[PDB]
Each structure stands twice: as C-alpha cells, then as structure tokens.
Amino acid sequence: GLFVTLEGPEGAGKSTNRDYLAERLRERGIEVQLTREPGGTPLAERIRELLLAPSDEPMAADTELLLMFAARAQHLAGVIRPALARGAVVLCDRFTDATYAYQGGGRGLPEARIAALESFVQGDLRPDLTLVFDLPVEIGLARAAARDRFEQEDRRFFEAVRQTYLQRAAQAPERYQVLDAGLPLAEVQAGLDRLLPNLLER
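Single chain coordinates (the form deposited without adenosine-5'-diphosphate):
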C-alpha cells in the first residue's frame, strides 16, 4: 500500500486536489482510502470534537498534543494500517507534520516532545510522501474568515505553522513535495500529474 499525507490550510484547495489525485488512482487499478486527522474513526472523531470545540476552560498545550496522538493511535489501528495492509493508497488530510507545525511551531512545544510521541505511537511508520499546500497566511486567513479552536488562531500562529511545514519539507526533501497553492488550480493539478509517475513508482 502507500501512505500519502496532505498538509496546509483548508483554503488551500487540499480537498479538491485530494479528490483529483484520488480519481487518477481509482481510474487505474487503485483502492483509495480517504481519511483525515484528528478523526477518521468514531472514537477519533469524538476526540476531534474535544480538540476543535472552543471552551471557557483553556486547553493546556500538553493536553492538545496528547489528544492529537491519542486520535492518531486509534486511527492508525482502525484505518491506516489496515488500508496499507490490503494494498490501498491512503490519502490522509493532516498527520504528524501538522503536530510539528501546529503544536510545535504554533504552540511552541519542543520538537523533542513531539518526536518522542511520534516514535511511541507510530513505531517506524512514516508517510511515503507528504504534499504541502503552501499558501501565504493572509490568503489562508481571508479564506478562514469567509468560511473552531484553530480557525480562531492569530497571525503569528499561522505564520509559524506555514514556515514549519516549509522547514520540515526542506530537511527531508525525498519525502515531501511542496505545492504553491497560490497558483490557479490548473497549474497545481499539472503539478500533481507530474508526481503521479513517482507516486505510482513507490
């Protein structure tokens, strides 16, 4: 099977580009399992709700980080590892890169703390490829106003999230493809068409 993750803000066309990529796989042999984090199983989605619902009790950062990883542990067991087991391609909206970006970059938790949970929860399992939908934050912020606890975050939070994805990509370039989601969809999908050979390769 193949484990592909998609990262970036929702105003970035992630969803429509995921559908584009899923169509290209299904018109070939390929089983596609679409999924998203936090969530993807009934229990993971209950955890999602705790994470996204605003509250008058401020959630501790260590709490947010641990809930993200709890949902991930359930999701890996309920959905991701089985998919991969039967040779499917998983197209997962957000994964541990998002933890580095939102909880590490956004919240300022130490990368070491995130890296330690990543190893505990996932073992050696990492995405085979990660698509970063990169977008200047003003566009991201406009699109969020036009459209939860994260949507309501400030400018400096979102700047940290964007640049953390870009740093993560730069450190392990064989695992990432950065896409300029400020381009019109046609040129973004052209870019996806260009990755498909490699993706089918893996």
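Residues that one form lacks are left out of the comparison. What we label the rigid core is the largest C-alpha set whose atoms superpose within 1.5 Å from one form to the other. Residue numbers count along the first chain shown, from 1. What changes on going to the form solved in complex with adenosine-5'-diphosphate:
- Here the two forms are overlaid on the core, and between these two forms the C-alpha of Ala142 is the only one among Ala170, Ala53, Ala60, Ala142 to shift by 2 Å or more.
- Core-superposed comparison between these two forms places the only run of three or more consecutive residues whose CA atoms all shift by 2 angstroms or more at 140-147.
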Given for the second form:
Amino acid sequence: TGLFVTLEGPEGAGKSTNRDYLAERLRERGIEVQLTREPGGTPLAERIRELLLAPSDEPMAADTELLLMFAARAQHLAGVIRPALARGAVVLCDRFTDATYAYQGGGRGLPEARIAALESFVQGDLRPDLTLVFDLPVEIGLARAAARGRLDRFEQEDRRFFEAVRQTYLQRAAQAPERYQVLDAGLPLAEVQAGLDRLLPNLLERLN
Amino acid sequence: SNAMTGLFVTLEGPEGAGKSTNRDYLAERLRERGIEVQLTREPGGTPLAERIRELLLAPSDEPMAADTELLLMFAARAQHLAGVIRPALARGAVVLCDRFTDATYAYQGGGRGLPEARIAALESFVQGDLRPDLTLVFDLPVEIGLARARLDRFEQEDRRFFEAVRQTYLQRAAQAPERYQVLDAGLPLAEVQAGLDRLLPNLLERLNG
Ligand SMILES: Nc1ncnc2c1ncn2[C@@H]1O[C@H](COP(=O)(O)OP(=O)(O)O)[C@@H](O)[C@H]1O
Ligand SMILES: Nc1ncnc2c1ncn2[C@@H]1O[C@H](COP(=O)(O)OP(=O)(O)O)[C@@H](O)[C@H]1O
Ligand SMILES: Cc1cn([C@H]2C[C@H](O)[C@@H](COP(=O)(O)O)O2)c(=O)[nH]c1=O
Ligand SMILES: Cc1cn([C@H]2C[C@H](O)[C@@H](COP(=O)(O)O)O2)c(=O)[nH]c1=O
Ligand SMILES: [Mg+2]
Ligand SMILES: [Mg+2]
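In place of the form deposited without adenosine-5'-diphosphate, the structure of the form solved in complex with adenosine-5'-diphosphate is requested.
Then the entire complex follows, led off by the chain already shown.
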C-alpha cells in the first residue's frame, strides 16, 4: 500500500539534495518515508557498489557492470524496497533502473533489449509509481558536483558518455509521461523545490 | 599471438570430490606433453571476479537473496570469460576451469530451487553459444566428499542441498553425454587419476579436432 518514487538525472542535478527535501515535506505531513539509493541500500549491496565504483587497471566488461548493477538491485529490492512498500511506506530511492538504461544503455551502448531482459528478470512487473528526472546540461551538473580526489569509474568518463546518459533519461520520460515528471534542474534550487512543492498534491493522490 | 583453436574443459562435482586436486593433476600431465594450459576457477579467475567470489562465499548476518547470488555468479563469469577464457581459447590454450555453469545449475538450480529456465536464460545472455568442449564430473556419495572437506556460505548447507547438487550434475551429464565424462571420485585418488590418464587421448583428440 506504499508508493515507490525514484529520483534520476545526470551527476550534480540535485537528486540527493531533493530526495531529502521531499522527505521532509512528506514527513512533516505525518507520512512514513524510507530513503534509499542505488547501487547500494543494504550492506551487501553497498559492497557491490564499491566494486562498481572503484577504479582498476583491469577493465570491467560491460556485461559484468550490468549484471553487478542488477545483482545489487535484487538484494536491495528484497531487503529494503519490497518490505517498505509492504509496510505502506513511501520509498524515495536515489536512482533505479532508469539509470541502468541511461548509463549501461546510453553510456555503454548495451542494447536496450538486454537491459529490459534483466529488468524483467529482477523486478518482474514492479516499476516505480513516479520517477522524478532532474534534467540539466551535463557540464552544469559536473561543475556543481565538483569531484575531488580519485575519480570513480563513472566520473572517469567523457562528455559524450554523460550526454548519452542525459538524453536517454529524456527519451524514456517522453515515452511514458504518466510515470515521469521532468524538472529543470538548471533552475535555482528554490525554483526546483517550488516545482516539487507543486507535485505534492498528486504524489499524495497516487499514495492514497 | 597464435590464432588456433584451443579446448575448454571444466571440472565439476560435489564438495570434496577432488576437482581442484585433479585440475592441477591434468595441468601437470598436459604440461609434460608440452601443451599450453590456462588454469582457472569459478567464481573468480580475475581480480574483479575474485572480489565477487569473496562476496559469494563469506558468511554474513544479512541473508543473500537467491537472485542476487545467481546474478553475482554470472557477473563473475562474464568478467572471467572476457578477461581469461576467451583469450585463452583464441590462442589455442587448453583451459582447465575448476567449476563453471554446470555448478550454477546444480547449486542455484538444484540446491536453491531457482527455475532451470532462469539459469538457462542467463547462460545464453552471458555466454552466447559458448559451452565447454568437455566437462569432467567427479561424482561420489556426498558424505564421502564432505568427510574429506571454518565453512563458507555453501559449505553451511544441509545434506539435501548437497544431494540436489550431486543429482543435478548427474542429470545434466546423462542428458548430454557427448560433452560430459563422469568419473567415480569415490575411488582412491591414484585410481581417479588413472582414469584421467585413460581419457587424456580423447581430450587431445578434441583439442586436435
Ligand atoms: N538547482 C540547483 N541550483 C544550484 N545548486 C544546486 C541545485 N541542485 C543541487 N545543487 C547543488 O549541487 C550539488 C550537487 O547536488 P546533489 O544533490 O549531490 O546531486 P546528485 O545527487 O544529483 O549528484 C550540491 O552542492 C547541491 O547543493
Ligand atoms: N579420490 C580421492 N581420494 C581421497 N582423497 C581425495 C580424493 N580426491 C581428493 N582428495 C582429498 O580431498 C580433499 C579435497 O580435495 P579438493 O581437490 O580440494 O576437492 P574439491 O576441490 O572438489 O572440493 C583434499 O585433501 C584432497 O587431497
Ligand atoms: C543505479 C545506477 C547507477 N549508476 C551509476 C551512476 C552513478 O555514476 C553511480 C552512482 O553514483 P551516485 O550515488 O552519486 O548517484 O552509479 C549506473 O551506472 N547504473 C545504475 O543502474
Ligand atoms: C561456479 C559456481 C560455484 N558455486 C559454489 C560451489 C562451491 O561451494 C563454491 C566455490 O567453492 P569451491 O572453490 O570449493 O569450488 O561456489 C555455485 O554455487 N555456483 C556456481 O556457479
Ligand atoms: Mg547523489
Ligand atoms: Mg576446490
């Protein structure tokens, strides 16, 4: 009886920031909210995250990257997301399978059909009830993120990779607007959050 | 490098059957004949695949979902295939691989109860049409193997789990006998190894063919 909401977008778009904003808006209204993120969300899934992000002189096969992302997702679904939904909680999840389509499909060039096969394999028919896409020019997000220290495997990638990621998110949202809301994350944060405030009534609608 | 066909041999069987011992025995016999061998094992075989092995085998208070276990096994396999197995086959090596996808059917299918069709789907997903040229099944009563063998996640399972493992290997071998050889791993090691000596000419025939 819960509601599954995911947050998506390029690096530095404001996913993590706005996850916490939405959580407070919901919690102050007396709603139980479970916050989580991918890859990760459980101790084992966090170990898989570490493998996915750590640079190595050994190149990771694209299939390995895809399978690890879905292995972490399977564990996270079983351990956190499904139990929260069964409790009737709102789950706010920072990244989910749209990120796999964007990064592994758009970025890595893996066929959409292969990603879809694993989506069905891991999730069955489970999909987010609502996905918020925080869209902006990738360089603006990269500048906000201001990566410091050793870059992780995805931070190592070039602009073409991240542009493909961005465009894949937009393409997927355009094909199923009933499930997606695209926010202009290039707006000042106060304006992005006003946009979120305006979606609140509907979110509650889907929820109840 | 050299561009000739190699041979993909896998070794399978219940816990303590003698897979690892006999992989090394075969390696020594082939190297005595001056044949290039690539030794490897699963899950593992590359730095990343070995980190995945660590997650698969280490006990934890957090239950690992069966789907997670299956996907991790195949993620390690994808990396291993790309990094070690395919290149070895392309340069004409005999790959001697301690466990491969038959173990997935046996442990994740027989043991865990995951549907065979789901494992088959991932097999095709990860391997395309690639299968071992020869799979050696070291078969014996599970209690004998266990009495040979701190325990990892799989070693902690019960006897019915291990019987399912054993029987799954035998079933798969019976269905595709052109690809499998079942050895009686309950014999003394020297007799198991005499059996391996006896099959070496056929192994070499597959390598040359
Ligand atoms: N609309 C915005 N305008 C200006 N700065 C923002 C905006 N959204 C987020 N930021 C800032 O950008 C940085 C990255 O935000 P973050 O939520 O970590 O992004 P993500 O999780 O999408 O990578 C943070 O310092 C955050 O305060
Ligand atoms: N046929 C055999 N008879 C007696 N002992 C054996 C035999 N095969 C292996 N062993 C011993 O049993 C133990 C497990 O062998 P190992 O090769 O590690 O098995 P596996 O890799 O199949 O678990 C080792 O101590 C090994 O020397
Ligand atoms: C969830 C998910 C994340 N990723 C990447 C996006 C990010 O670069 C990284 C996670 O970083 P993040 O926690 O800051 O969002 O993992 C994928 O490539 N595929 C996926 O399915
Ligand atoms: C290769 C593989 C191994 N396993 C298990 C069998 C063993 O208990 C364990 C590997 O340990 P081992 O080195 O002794 O063979 O992994 C699976 O469950 N599925 C697989 O696909
Ligand atoms: Mg973030
Ligand atoms: Mg062994």
